[PDB]
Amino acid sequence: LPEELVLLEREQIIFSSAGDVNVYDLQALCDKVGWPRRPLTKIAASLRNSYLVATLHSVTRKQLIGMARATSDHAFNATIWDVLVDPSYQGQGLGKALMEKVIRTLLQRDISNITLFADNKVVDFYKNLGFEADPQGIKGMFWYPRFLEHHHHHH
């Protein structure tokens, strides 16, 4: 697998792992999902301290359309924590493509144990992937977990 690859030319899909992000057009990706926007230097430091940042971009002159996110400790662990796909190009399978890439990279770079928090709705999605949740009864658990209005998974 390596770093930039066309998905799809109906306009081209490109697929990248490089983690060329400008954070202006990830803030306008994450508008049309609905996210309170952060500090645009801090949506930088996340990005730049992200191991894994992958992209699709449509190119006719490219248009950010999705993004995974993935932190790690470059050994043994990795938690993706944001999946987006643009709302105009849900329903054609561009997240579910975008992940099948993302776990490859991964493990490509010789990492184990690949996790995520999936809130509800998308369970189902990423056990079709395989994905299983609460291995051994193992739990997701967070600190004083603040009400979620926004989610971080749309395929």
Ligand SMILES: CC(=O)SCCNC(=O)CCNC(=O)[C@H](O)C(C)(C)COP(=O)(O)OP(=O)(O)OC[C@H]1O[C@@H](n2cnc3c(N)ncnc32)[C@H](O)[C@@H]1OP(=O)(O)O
Given for the second form:
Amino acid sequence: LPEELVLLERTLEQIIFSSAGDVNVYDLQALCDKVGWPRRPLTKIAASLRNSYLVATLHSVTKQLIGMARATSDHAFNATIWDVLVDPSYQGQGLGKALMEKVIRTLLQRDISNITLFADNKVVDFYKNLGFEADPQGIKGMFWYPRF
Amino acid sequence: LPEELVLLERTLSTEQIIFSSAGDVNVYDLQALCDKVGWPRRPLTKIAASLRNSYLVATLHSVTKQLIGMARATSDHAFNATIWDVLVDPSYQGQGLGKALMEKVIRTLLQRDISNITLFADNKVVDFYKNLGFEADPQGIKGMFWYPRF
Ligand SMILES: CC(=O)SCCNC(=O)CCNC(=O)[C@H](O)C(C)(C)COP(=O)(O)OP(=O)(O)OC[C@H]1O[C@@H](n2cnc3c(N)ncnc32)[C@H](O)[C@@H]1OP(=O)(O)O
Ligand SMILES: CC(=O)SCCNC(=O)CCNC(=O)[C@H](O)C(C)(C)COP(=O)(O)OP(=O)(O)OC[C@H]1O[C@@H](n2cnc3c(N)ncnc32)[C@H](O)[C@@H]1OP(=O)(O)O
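Can you now output the form solved in complex with the named molecule? The one shown was the form deposited without the named molecule.
Full complex below, order starting with the chain above.
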């Protein structure tokens, strides 16, 4: 599956998917600010990105970063998906689903068979719709003294 | 907390249980250890790849040198780690060793400044992790798998 794909063209702009890991940490910070996520040191955001097995992006080209998902992984059995995000201006258009499909497909192409995530209650059904299953066989996602 | 650690010294003949986060596991011993606890044979090439790309590989060894325990974690090196493949040789279970292994793993991840330490727990070991300070579904967060076949 190619690194870059055009997911959509509309008249007014195209929406570009990429798995090359092309994220500017200021862009990602500004996007994270829109959904009100608290800021974290740019250098730590940068470190988290280059130590992610998969960094996937949505861009708006007329490049504007409008979405992103990333995954840690051991490159053999497991990947865990983090920081899934779509610009609120671009939500409700199917782009978040389209991002996650290409993410899942890229991981399966790389022979990662155990694809996991920790879903906020608000977005559980979004992932179920994509085929994720909570607590299969009673397995529990657990956190060491979380600060949530 | 150092790289390598005598957790315990005992007699029956003198045995030491040694902790290490160096990550120098012999993949063939790890393969037999995986087999001993009843996990299916995985290809050597994929197990080794999983070791090399694990941010943390922690072992327990018996020196009288035998691998008797292992735990590993993936990480993004900054914010998140997920712990996988915690196992203790059945002949060494029920001795506090799994607890001691996990405590050293948690401390190592904390020393590396990882805030979010996570894992997915089989329902029959959920209480084992609760006893170490893990919490299931905080704020209703759910761990999810894509079309799992367990
Ligand atoms: C990273 C994690 O592991 S936790 C998840 C992180 N998410 C966040 O908290 C960030 C904030 N939210 C967002 O960025 C966005 O709302 C997203 C990523 C959650 C969703 O992306 P969007 O672009 O809004 O969703 P998109 O339009 O693609 O939605 C597609 C489908 O999901 C459904 N859907 C969308 N949002 C939700 C939701 N919150 N709950 C349930 N279903 C949903 C839609 O009905 C649609 O269904 P369809 O296939 O039947 O048409
Ligand atoms: C791998 C993952 O990511 S999830 C883990 C799934 N692993 C497995 O199912 C494989 C098989 N299990 C094992 O290898 C071992 O049983 C382990 C790792 C689960 C535990 O190791 P052990 O060495 O048996 O445990 P240890 O003796 O250290 O026990 C620690 C404490 O937890 C308790 N405990 C041990 N096992 C369990 C259990 N299954 N459920 C609840 N409590 C337990 C013990 O009673 C002990 O309590 P105490 O300190 O109050 O006396």
